[PDB]
Amino acid sequence: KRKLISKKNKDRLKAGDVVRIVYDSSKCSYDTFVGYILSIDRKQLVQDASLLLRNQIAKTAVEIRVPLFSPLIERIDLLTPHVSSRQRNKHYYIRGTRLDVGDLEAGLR
Amino acid sequence: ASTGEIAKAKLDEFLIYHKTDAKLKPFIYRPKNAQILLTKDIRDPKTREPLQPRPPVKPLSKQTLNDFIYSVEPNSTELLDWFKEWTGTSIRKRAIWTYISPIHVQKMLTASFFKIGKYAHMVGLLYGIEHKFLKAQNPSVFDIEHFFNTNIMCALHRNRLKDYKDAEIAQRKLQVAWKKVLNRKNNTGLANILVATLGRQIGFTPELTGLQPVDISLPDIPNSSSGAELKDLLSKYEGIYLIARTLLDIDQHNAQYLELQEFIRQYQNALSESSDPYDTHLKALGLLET
Amino acid sequence: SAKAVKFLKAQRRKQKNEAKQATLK
Amino acid sequence: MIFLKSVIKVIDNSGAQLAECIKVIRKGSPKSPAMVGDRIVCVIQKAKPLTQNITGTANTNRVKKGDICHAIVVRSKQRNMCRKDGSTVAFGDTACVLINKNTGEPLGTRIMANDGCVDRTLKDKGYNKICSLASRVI
RNA sequence: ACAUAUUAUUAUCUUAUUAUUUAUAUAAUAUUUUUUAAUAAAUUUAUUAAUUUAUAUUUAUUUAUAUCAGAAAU
RNA sequence: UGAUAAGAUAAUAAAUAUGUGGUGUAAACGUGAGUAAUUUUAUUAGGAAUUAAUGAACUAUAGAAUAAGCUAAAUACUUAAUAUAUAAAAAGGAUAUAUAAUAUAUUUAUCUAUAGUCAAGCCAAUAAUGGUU
RNA sequence: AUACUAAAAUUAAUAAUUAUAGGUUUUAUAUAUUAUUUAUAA
RNA sequence: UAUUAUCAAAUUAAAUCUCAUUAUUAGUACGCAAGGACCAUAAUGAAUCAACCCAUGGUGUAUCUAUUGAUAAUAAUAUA
Ligand SMILES: [Mg+2]
Ligand SMILES: [Mg+2]
Ligand SMILES: [Mg+2]
Ligand SMILES: [Mg+2]
Ligand SMILES: [Mg+2]
Ligand SMILES: [Mg+2]
Ligand SMILES: [Mg+2]
Ligand SMILES: [Mg+2]
Ligand SMILES: [Mg+2]
Ligand SMILES: [Mg+2]
Ligand SMILES: [Mg+2]
Ligand SMILES: [Mg+2]
Ligand SMILES: [Mg+2]
Ligand SMILES: [Mg+2]
Ligand SMILES: [Mg+2]
Ligand SMILES: [Mg+2]
Ligand SMILES: [Mg+2]
Ligand SMILES: [Mg+2]
Ligand SMILES: [Mg+2]
Ligand SMILES: [Mg+2]
Numbered sequence: 058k059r060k061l062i063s064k065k066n067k068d069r070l071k072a073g074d075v076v077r078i079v080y081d082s083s084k085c086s087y088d089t090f091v092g093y094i095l096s097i098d099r100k101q102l103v104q105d106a107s108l109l110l111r112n113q114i115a116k117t118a119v120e121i122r123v124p125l126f127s128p129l130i131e132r133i134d135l136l137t138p139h140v141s142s143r144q145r146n147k148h149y150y151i152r153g154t155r156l157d158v159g160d161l162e163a164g165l166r
Numbered sequence: 038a039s040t041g042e043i044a045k046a047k048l049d050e051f052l053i054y055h056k057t058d059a060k061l062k063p064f065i066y067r068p069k070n071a072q073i074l075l076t077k078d079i080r081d082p083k084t085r086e087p088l089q090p091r092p093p094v095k096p097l098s099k100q101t102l103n104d105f106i107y108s109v110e111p112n113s114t115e116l117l118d119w120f121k122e123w124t125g126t127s128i129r130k131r132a133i134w135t136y137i138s139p140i141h142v143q144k145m146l147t148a149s150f151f152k153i154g155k156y157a158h159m160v161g162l163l164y165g166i167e168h169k170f171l172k173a174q175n176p177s178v179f180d181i182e183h184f185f186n187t188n189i190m191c192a193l194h195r196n197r198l199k200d201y202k203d204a205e206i207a208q209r210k211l212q213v214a215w216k217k218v219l220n221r222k223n224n225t226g227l228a229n230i231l232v233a234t235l236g237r238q239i240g241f242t243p244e245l246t247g248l249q250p251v252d253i254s255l256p257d258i259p260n261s262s263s264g265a266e267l268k269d270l271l272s273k274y275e276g277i278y279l280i281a282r283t284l285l286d287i288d289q290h291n292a293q294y295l296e297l298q299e300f301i302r303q304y305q306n307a308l309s310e311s312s313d314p315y316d317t318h319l320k321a322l323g324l325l326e327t
Numbered sequence: 034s035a036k037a038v039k040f041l042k043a044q045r046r047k048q049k050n051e052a053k054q055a056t057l058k
Numbered sequence: 001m002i003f004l005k006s007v008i009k010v011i012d013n014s015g016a017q018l019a020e021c022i023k024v025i026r027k028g029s030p031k032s033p034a035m036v037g038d039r040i041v042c043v044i045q046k047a048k049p050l051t052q053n054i055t056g057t058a059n060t061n062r063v064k065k066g067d068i069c070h071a072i073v074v075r076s077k078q079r080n081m082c083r084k085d086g087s088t089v090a091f092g093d094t095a096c097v098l099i100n101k102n103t104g105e106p107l108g109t110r111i112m113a114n115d116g117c118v119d120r121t122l123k124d125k126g127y128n129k130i131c132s133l134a135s136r137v138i
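Chains as they are written, first to last, in the authors' numbering: chain MM, 58 to 166; chain 5, 38 to 327; chain O, 34 to 58; chain II, 1 to 138.
For the record, the hints were derived by calculation from the structure and aren't laboratory data.
Among the hints, erroneous ones may be present.
Below, computed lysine-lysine pairings styled on DSS-like, alpha-carbon distance capped at 25 Å [to be verified]: (1) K46 (chain II) / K116 (chain MM); (2) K202 (chain 5) / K222 (chain 5); (3) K69 (chain 5) / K67 (chain MM); (4) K84 (chain II) / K58 (chain MM); (5) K116 (chain MM) / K84 (chain II).
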């Protein structure tokens, strides 16, 4: 996971990516979640780094922050690479605009 | 592990690649399309997880099948299972049916007769599975030099091994073997003398309609020593050496033919360092007879 | 919106026609 | 979190659409907030008009603008409510499901699927009926 | 004085779907072509994966128009 | 046949419509919500834009049915062969004779062309409840 | 630590051990372009 | 109960002292039935207080990026 967000790695998670956090079935009874990366929070300690994910399920918008180093996630895989038009490091401004995330799950199908 | 095990692994990979749907190969065996495969998540049989990317497959060498033949499965029917799985492929798949060569089937017959011992089942499978090969526009698999000659040698050693004086059935075996051939590469001429040896051993008049009456023409094997080329040199005519030795052992009159003896000694020189395949085959047959 | 532009274009045309009728009268 | 005179959405099929909180039940200071999963007293400020095509209309809705009802807050816009796993979930608009004063089971029979996302903490508080009815529990 | 509802239109907002529109992609498929490797064959060819030339169909994003339905107003 | 019995070939007698194909549900049945009519109904010795390289599906006639690819194989699908200023097509199955898969004869199927039958698209004239509060 | 005080840390430069603040170096955070690109040669 | 550095008991001044819901006992005791225990235990909370910034939100005249209008300056180039 360090190499998944390592600053020296080109193929790292950036604002605009869409990811599918996978939850360990054995350790927890959670369900897989799909979201759009708004911010990648990096702190002085490596362990306390989290991703903020947005998804407009039906007509409700859901923001979720997930500790990237929690032992309840087995892998975060990337579905859609980010576009090269959005101009920022954290895409907090997409909420409410026509640039918003929309329904990710339906678009995949 | 052994040469046969790696050969089985490579052959299985070759078969699975050439058994997938044409429109699915670009999404599986092409590394660049790995992301596409993950995204599409095709539903595989037995309702399992979608397929993972796989390495590409390159054309397979005959030495892999040769190694797999040389691997030891004395009482294991793995050879029969592999032959069934290979012969069950679609006729349209050219690669699967073009990998089979006269040397391959000859080696199958030899290994089946000596090491596996259950020559009856393999010969029944090979002889039975001929129409599909013909539909695969691959009739050269059966030829006098490799397929028919090996069958005659196996028949000779089988008669030697087990006493069978019923001449009619032996004639029927000879006739079915004669008709099973398609390409008819009768060049060395050993087949005619082999059938004569069978007739003397049993006591029936030789009869091979359409047989070309060519004499013994065995090219002189050089006695020089080389690297991988030498390995091939002996193996190239190894079967021929097996045929000559079987003729010499079964037929006492075979000592008259000096060309067979000249071929034998040449091969022997060229093979003095390593063990004699004929003696090794007899020793394996005796050890595995029980 | 294109709806507004089309409506304005139609209204301008019809007002022009009405003015033409008044001038003719 | 919501307080007195906080208008919050209703995501039940019990007719009510918008409700305004009046009180929080299991709290001592009336100025305390209402978190996700605690009973609140609501007065409906918007309702779907009732028809009379079917004789003996089912008592599922029985909602008119002004009636007093109890509800469970099912989702919130707050972004710092931490769970044990360390994650935090913030929704777009707060919502509630009306529940009976005495029995406790919801007034409605099925939540609508188009706005039926509920916080997962509600399950741990013991509201299995709401979570089972909800389309997705995040 | 004032209350509700039902229906219809929109120089309004949101929008499912669909249709069409200006382009993009070191995008996919198959042909052809300039090349790079591995493997296989008999002892020069073919297969595979890449690399430029275009070709026909799709895929994803984007510009624009219309659209179920909902909201707002009359 | 298969050197000892697992497989394979031909014939005969059965099963399989949870695999792949074909065909039918644009009809019939029911109802009267909408529809006062630029679109619906009824009538006309009505009409032209001069209404289809249309046959959906039978009849008469004539001709044709070729090669690859994919599917496990196919009368499934894709690409090519020739054809009424050109273009546009298909499919074999079953039954008996003879050669060493092919040619025959029967039966049922596929496709094209002309004609007929059935059947269709568009327009015109006249009429179609009440309220001008 | 703190209103001024008070408390606490350092005042090493020697035979050996001690970093208080500023500056410097390293790592990291933030900001936002970058594989169509950064340093080197052959 | 006569120094300094440090550790410091008794003591004095003051703070705190809780309450509810559910569950078990138990639908037991009581009661025709309806209804429904005491004693005690645990789990959840409410109210009040103290401390902390690993994480979350706020701030962040540290800093970076984007941008409208106006003015000034450094370097390179051309000229004298
Ligand atoms: Mg617009
Ligand atoms: Mg308006
Ligand atoms: Mg839209
Ligand atoms: Mg609209
Ligand atoms: Mg079926
Ligand atoms: Mg009908
Ligand atoms: Mg009606
Ligand atoms: Mg044909
Ligand atoms: Mg067809
Ligand atoms: Mg000093
Ligand atoms: Mg310091
Ligand atoms: Mg030091
Ligand atoms: Mg310092
Ligand atoms: Mg003390
Ligand atoms: Mg006490
Ligand atoms: Mg107090
Ligand atoms: Mg903090
Ligand atoms: Mg911090
Ligand atoms: Mg923060
Ligand atoms: Mg902060």
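Task: Violated hints - listed by number, lowest first - done: 2, 5
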